[PDB]
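Undergrad: Given next are the chains, with one letter for each unit.
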Amino acid sequence: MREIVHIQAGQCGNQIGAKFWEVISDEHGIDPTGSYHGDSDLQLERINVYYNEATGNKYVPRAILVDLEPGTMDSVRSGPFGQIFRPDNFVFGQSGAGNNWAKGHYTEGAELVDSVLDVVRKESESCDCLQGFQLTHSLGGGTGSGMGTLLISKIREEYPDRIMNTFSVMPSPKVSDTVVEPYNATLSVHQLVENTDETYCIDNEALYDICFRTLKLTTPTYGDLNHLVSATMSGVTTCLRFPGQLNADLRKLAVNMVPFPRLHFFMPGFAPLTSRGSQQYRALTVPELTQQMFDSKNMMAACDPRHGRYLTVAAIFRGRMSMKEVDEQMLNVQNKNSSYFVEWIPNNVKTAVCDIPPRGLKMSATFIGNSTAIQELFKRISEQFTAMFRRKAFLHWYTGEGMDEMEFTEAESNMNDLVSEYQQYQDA
Amino acid sequence: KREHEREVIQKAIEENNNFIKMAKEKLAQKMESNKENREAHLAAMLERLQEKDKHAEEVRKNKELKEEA
Ligand SMILES: Nc1nc2c(ncn2[C@@H]2O[C@H](COP(=O)(O)OP(=O)(O)O)[C@@H](O)[C@H]2O)c(=O)[nH]1
Ligand SMILES: [Mg+2]
Ligand SMILES: [Mg+2]
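As they're listed, the protein sequences go chains B and E. Read in order, the letters of the first sequence are residues 1 to 42, 45 to 360, 369 to 438 in the entry's author numbering. Read in order, the letters of the second sequence are residues 75 to 143 in the entry's author numbering.
Wrong hints could be hidden among the right ones.
What the hints assert, rightly or not - Below, in silico cross-link-like pairs of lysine to any residue (SDA-like), each with a Cα-Cα straight-line distance of 20 Å or less: (1) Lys-85(E) - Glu-420(B); (2) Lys-75(E) - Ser-423(B); (3) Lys-176(B) - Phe-214(B); (4) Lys-402(B) - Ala-86(E); (5) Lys-75(E) - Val-115(B); (6) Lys-402(B) - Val-82(E); (7) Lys-75(E) - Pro-162(B); (8) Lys-75(E) - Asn-197(B); (9) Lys-75(E) - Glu-415(B); (10) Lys-124(B) - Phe-92(B); (11) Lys-75(E) - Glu-196(B).
Said to hold, decoys possible - Each pair of labels, with its calculated beta carbon distance range: (12) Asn-426(B) - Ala-97(E): 34 to 42 Å; (13) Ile-87(E) - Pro-175(B): 31 to 39 Å; (14) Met-105(E) - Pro-175(B): 31 to 39 Å.
The set of hints was computed from the structure by calculation and includes no laboratory data. From the three backbone atoms N, C-alpha and C, an ideal C-beta is built for every residue, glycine too.
Could you build all of it, start to finish, from the sequences and the hints given here?
TA: So this is what it looks like as structure tokens:
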């Protein structure tokens, strides 16, 4: 339980993956060329978790960049930290996946998957003790959705005792007008229920609503949406990246957060909500971080936590603050809103406090909730799905790649089970 | 899952291959049926014009009797 291997698949995956590395690199004081130039030594204590070391003591991310078209990866390579990544860890095709889960999972992607696993294997042998893998991708496209889930299924075969973690971007008509995304998402969910230990449900519906309503951006861009994701990813992995006591590795996190093997779809929240243009001169009070981080407005999943109950919660506070006061406000929410926490899991809220704050903020709070209200997300997708599937619409794109209607029915069926399972424990 | 992943991709080949097959066949059939039908139409045309050529002789060989009497 030391090294983590990161993977990013497809357009969405590589964009948020890159932004994630941009952020934590700055937090760990690593520059685009890979040299260290930071003050505190807390920055280099668990640097080996996400980075490898090389000659000249340069730090190389343990990241594998995957895509079926060269577009995004050429942009990442000419991006800000582009030259930081291991050049050999760029693994891309040319055909593209055409927002088709079948192309990504069965045909175009199968033609490339073996080459990726070669880079995975090379990184996994460099590990003194591998925890597992974190994948970043969207469920709405073809590559990240289709090929991503294929890689998971294949990786689980070579590393069945390792932990599989994912940052999965859920689709929303508020952000994409591609009609087949509900098909891609439902197919992917089926894979994720079976073959991941932890999945952060990053909902584009939430990210858009946050950008438009709270941050008052009338024309939200992907960069705006990703600034939120990047902030969330930094916070959620803080307990992994710096010295801490709680949820300090992926397995321990999984044991604390996952009461049942299938119900591992977390609801991330963050505070204070920030835009790249926002000033944030006034740091928030500890009570303010708390009231917001539990507020639906700050949830990245677009579910109303008051509609369900929290099975488990992890709360991460960053920056120099009264650790005394943190406990009181955390204990306050639990005791105020005690009805929204299941009684049959005592003390299901755990808290950690890291001293180093995120870039640009003095005080920040990150939320990880295994709420049963997450079903609303899966319910949303399920409806968009059936609307088309009852008329067998657009299926020819998929059957043309070798799939069958039955495989859709099973994915639909399994995700309906997931919703019901989340509902079973909501009334307990 | 591995066994299924192969069944799917081989099914896509089999179906795209068979589309090529049917197309190649349906084309060859209606292109041959066309050649026969046209050749037949021309054959029957030439037929009628050649029986007019033997009717024309039965006239030239009917007069050849009348003249000599
Ligand atoms: N937040 C975010 N979402 C994205 C981005 N790019 C694509 N998406 C979402 O991902 C879905 C399309 O998948 P995409 O990654 O483009 O296809 P892929 O290349 O085959 O994986 C849509 O629902 C988009 O809203 C991005 O940069 N940021
Ligand atoms: Mg695209
Ligand atoms: Mg090919």
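Undergrad: Assess, step by step, whether the Cα of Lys-402(B) is no farther than 20 Å from the Cα of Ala-86(E), and give holds or violated.
TA: Cα-Cα ~19 Å, so holds.
Undergrad: Taking 31 to 39 Å as the stated bounds, is the beta-carbon spacing between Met-105(E) and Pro-175(B) within them?
TA: violated (49 Å)
Undergrad: Is it true that the C-beta distance of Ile-87(E) to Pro-175(B) lies inside 31 to 39 Å, as the hint says?
TA: Given range 31 to 39 Å: holds, Cβ gap about 35 Å.
Undergrad: Hey, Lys-85(E) versus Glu-420(B), does the alpha-carbon distance stay inside 20 Å?
TA: holds (19 Å)
Undergrad: Are the Cα positions of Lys-124(B) and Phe-92(B) separated by 20 Å at most?
TA: holds (13 Å)
Undergrad: Assess, step by step, whether the Cα of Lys-75(E) is no farther than 20 Å from the Cα of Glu-196(B), and give holds or violated.
TA: holds (12 Å)
Undergrad: Would you mind confirming whether the straight-line C-alpha gap from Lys-75(E) to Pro-162(B) stays at or under 20 Å?
TA: With Cα atoms ~15 Å apart, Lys-75(E) and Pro-162(B) stay inside 20 Å; holds.
Undergrad: 34 to 42 Å was suggested as the range; check whether the CB atoms of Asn-426(B) and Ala-97(E) agree with it.
TA: holds (40 Å)
Undergrad: Taking 20 Å as the top limit, are the C-alpha atoms of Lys-75(E) and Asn-197(B) close enough?
TA: holds (12 Å)
Undergrad: Hinted pair, alpha-carbon criterion (20 Å max): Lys-75(E), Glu-415(B). Please report holds or violated.
TA: Given that 20 Å is the threshold and the Cα spacing comes to 17 Å, the pair holds.
Undergrad: Quickly compare the C-alpha distance for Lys-75(E) and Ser-423(B) to 20 Å and report which way the hint goes.
TA: Distance ~18 Å between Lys-75(E) and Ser-423(B) Cα, so the pair holds.
Undergrad: When you check the alpha-carbon spacing of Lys-402(B) and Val-82(E), does it fall within 20 Å?
TA: holds (19 Å)
The earlier numbered hint that this structure contradicts is number 14, and it is the only one.
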